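Novice: The primary structure of each chain is shown beneath.
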Amino acid sequence: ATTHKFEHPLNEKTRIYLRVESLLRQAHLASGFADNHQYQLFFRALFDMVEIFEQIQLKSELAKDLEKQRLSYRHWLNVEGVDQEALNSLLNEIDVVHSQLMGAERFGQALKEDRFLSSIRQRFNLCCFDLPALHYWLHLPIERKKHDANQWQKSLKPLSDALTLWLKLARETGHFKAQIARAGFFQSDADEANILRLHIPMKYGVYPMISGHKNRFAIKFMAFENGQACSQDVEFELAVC
Amino acid sequence: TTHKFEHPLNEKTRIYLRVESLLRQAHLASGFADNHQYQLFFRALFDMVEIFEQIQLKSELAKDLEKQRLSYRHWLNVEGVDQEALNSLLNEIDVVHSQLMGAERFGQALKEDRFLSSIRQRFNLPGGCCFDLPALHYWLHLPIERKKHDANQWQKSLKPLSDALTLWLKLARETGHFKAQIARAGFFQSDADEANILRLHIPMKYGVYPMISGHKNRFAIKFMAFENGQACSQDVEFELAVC
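Residue numbers (the numbering used here), protein chains in the order written: chain V, 203 to 443; chain E, 118 to 360.
The following block holds chain V by itself, in its conformation from the complex:
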């Protein structure tokens, strides 16, 4: 109610991470079939994720990323001033999620192999008078619907566990610092960063347009009113992860 909170991926792999985080949560929230439209969010999430698994090597990207995080925590092993029990517990969480990741099936394989899902995948993507089979499925017992949605979801558990952890640890590393965008513009650079997080006071009536090239990024604040650049000086907070 005071500040708009934005996140911006700084590279294509992080843009996939954030997109998958969003779909996993959407399918999870939609999987109670509590309202008679929630199935629409559920299936569209599932099918958007499958499309992603075809076009990127997500499992190996995420394995390597979790190895990078582990290494940053292992540098604090046996350091007097760091809680060794907390640290070891986190390192154990990492190799459990990474191990699960490594022995996992091809992402979206069990989804692609499900007869019912494929049979509707193409047409779902183009209400159910043109999908009689989906309409029949929506008419099954709520226990049955929930069971099937849970089976489909269990197949993404290695991905979900790994991504959830990576993101949690990545967000941890960001410290919010005060910045000013004089006349609506800010630029800076970051070595090896994946995510920008912005906190912007709502009073300004602005949203950020962010772009980047190599390690540099540029934030332009646009008035919501007209979609045009805001010339006012914008005080905001920025965490770079």
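Just so you know, nobody snuck in bad clues.
Partner residues aside, some chain V positions facing chain E, computed with beta carbon under 10 angstroms:
hint	residue
1	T205
2	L226
3	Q242
4	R317
5	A335
6	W339
7	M411
8	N428
Hints were generated in silico from the structure; no laboratory data involved. For every residue, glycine included, the Cβ atom is placed at its ideal position computed from N, Cα and C.
Given chain V's structure and the hints, the job is docking chain E onto it.
Specialist: Relative to the frame of chain V, chain E by itself:
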């Protein structure tokens, strides 16, 4: 313990049924109660704009409402028919039909909305969260009151279409009567003269679903086993209403 299916017999009714569905979808997502309803709300709004941009929906709906109005005229001055209720139905058709003919181009106000048209084409691409669409993300963090007010203004622009379609579908469904039928070896065929919608009731017990196809005034219903997608070839009892 009955599976209820509706099939449009022509491309106009196809659109009618799509719009009915999108209208309810935007309406139920309108309260922004869950963090993900806004997805259903804006997808529906934009799917409607798409649908309009392709077909003479106002003209087809007006004529259909006029046809319904003709049908009631076998009820005026009939012994034991409540003329108060009848005159009210006739008036309601008239008001809804006047509103519809008087309406602005469908979807025009949505197209002319600065915020909507700024997110429309990015919105319509493969989609999952809002790091992509910061204007949308800003909008989602406006007070709930303001979001609902914006949502209700956008929906109100569709109100003449919604009233007309809701009324025509209500009256078309009420005049269809379910008659027991039989698809011996999983196949049924008949012919619908002037019909728009097939309404089927299939016992849950068969684990079948209907494939329906059409030619001129004829339609065919072939049942498929949901478990293996294969053609069912046994006697299927069901109720059929042609509307």
